[PDB]
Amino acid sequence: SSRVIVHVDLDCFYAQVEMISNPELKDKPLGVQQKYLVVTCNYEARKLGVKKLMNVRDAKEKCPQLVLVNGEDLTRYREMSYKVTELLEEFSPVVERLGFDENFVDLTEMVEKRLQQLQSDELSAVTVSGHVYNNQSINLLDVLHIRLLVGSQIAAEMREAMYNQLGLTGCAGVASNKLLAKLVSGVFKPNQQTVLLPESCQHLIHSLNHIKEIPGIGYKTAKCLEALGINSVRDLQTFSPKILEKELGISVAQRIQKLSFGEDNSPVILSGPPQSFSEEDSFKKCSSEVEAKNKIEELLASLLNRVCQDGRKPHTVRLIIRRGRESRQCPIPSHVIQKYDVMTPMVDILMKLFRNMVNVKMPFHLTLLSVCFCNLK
């Protein structure tokens, strides 16, 4: 059966939140700073040369009058992240999150109802909100076109609600699966929406240049295909299956080629509460158990705060180390789930993990350490 999915994408997320936080930035070109970088920035400041994920030095050299705020505390950001998700769940319960500023909702059932309450008379009255991709002419006699136009209206409603109620602007993409919804949502930015009719499905996939532009084909898989002389969507569309299956495995091969055609049958998953929490830290060198201890203490500190709130409790903790990652994990003892000291017993366990994984007696060098709580009940 034919679905109707909507993808929602918040214009420069962290950027938006900062302004909404300190109005005294609305007028001013702005970049959120993570360490030495500018990971996002408002559109006002995009005009002056700035680009996502750019070096802060080059930044000001590109825009002397560039404000800077710190988005190394992702705390303000995820409150909004979930306010957005909750706002949308009120529409349809099934809402899939992707990162902090992206949402998928399945509108198929909500659309059928709107129509199953639409007098056969006013059927021609149905119209579109936002852009129709490739300016493709509407065909109202084609039920599929009808179910998608409604789709656009709900999206327009959702985008207005986000704005009126949360003050956030965003883009929307309405198509027949998550893949196309995602791709069509960025055709018109910022703060605008685009819908995709099926007859223009092939135009959209071919508009893509590098093969790694399709959601799902990431770093590894690209280099795999780039090696095979596969660079375009048509290259991939036309490549031999069997050779791909041999080279990528039947699981991947089958899926990612379907993707080259714009076929995606994966469902909108309900995300609900966060399955896990974590804090990260990378760096040039770390050759001591003791300073590992210091880091491991900090991270532990930061986590205990969210892990605190939430509600439900974590029943497993893990340790991750980059020297290519590797991890260890074990249940947290029953008496530990109890909040009045909790630190020292934790670092004790963590160190135990950090020692069976590493040979301390000998020299060692990590560029990254993480701590993760999960298995929440």
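Numbering follows the first chain given and starts at 1. Superpose the two forms; the largest set of C-alphas matching within 1.5 Å is the rigid core. First, how it differs from the form deposited in another entry.
- In the two-part rigid description of the change between these two forms, residue 297 is assigned to a different part from residue 231.
- Fitting C-alpha atoms of each rigid part between these two forms shows the smaller part swung round by 10° relative to the larger.
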Given for the second form:
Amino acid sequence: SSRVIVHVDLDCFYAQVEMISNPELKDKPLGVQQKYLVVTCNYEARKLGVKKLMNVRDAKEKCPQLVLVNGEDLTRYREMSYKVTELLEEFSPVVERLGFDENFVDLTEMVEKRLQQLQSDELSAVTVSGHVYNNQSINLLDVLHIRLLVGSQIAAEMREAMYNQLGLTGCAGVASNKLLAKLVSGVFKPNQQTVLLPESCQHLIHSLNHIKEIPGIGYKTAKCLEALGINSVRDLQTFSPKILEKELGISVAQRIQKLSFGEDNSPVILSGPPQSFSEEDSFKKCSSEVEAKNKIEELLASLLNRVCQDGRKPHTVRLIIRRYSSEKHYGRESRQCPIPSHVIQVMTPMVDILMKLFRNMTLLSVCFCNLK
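Other form of same protein, the form deposited in another entry, not the form deposited in one PDB entry:
A lone chain is what you will see next.
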């Protein structure tokens, strides 16, 4: 039944990687730019009002002294992101990734094995490592407190190792499920860790200011919950299970309502190798509709290099697009087809499929999937 889960969430991930590559960017406010977006910035920059995902413009008139490096090519972020995951897999094999810089790890077996190693005595010497959310008092006779503390120690070891082995700093959150571990990992933001004891669960959940902040409720469900009067986490908690049930479906409803309480049973799943490999190119206005094929070969050349290296081969290929007038707020199109078996065991053939796949049809991408 009761779990100890850690969420590890690195500091300003892309910026960190670029500050390690070029030390002269440390102590300078640094943004990482992709097109006209400053996708992230180091903490010197955020002191100056730069926020995650500003446009460049907004960001250099909040802070004109900002250095920008291009981060369009994710290769090095991707590589560091797998080094991180593989280090954490060493502590416990079941690591779930979320984007390039978050991992969840179910520490439940590891905590219990450390607890049985202690003799009935040093158990009163168990302390916490890091902060305790809401400054809550620990009760060393509460078996759950104890386990969560041991879980804070495992966390501190994982962060130390990330630092010593890969040069990376990060936050960690320790709690009894993934939702709470992830909410509590951000309470002390820069390169620290927090542990949630069960008595403070409602305080954390109610510290949120809109239901969008609950992992699991996105841009669309939020706009829905509103249209009904449901604005705070408490409105969602107290709202009618029925009317909700019959509006968002039985699945989305009964789940998001659980979450509004801090309750989340989802297991930490082994992410292992990726299920897809894609790259992309943005260029607003530039795809005449054929001129831009030389674009399709570029995407291919990288992708083949990557897909290769893994071992596994993809058995499906896909092509994706969008097109331009006023804000069509969601609108990409794709054509999918198997990859013929003779080609699986090079470029030149891969480029055709992708053109014809372009004919059954701002910006362009290729995706390899269905790996084996």
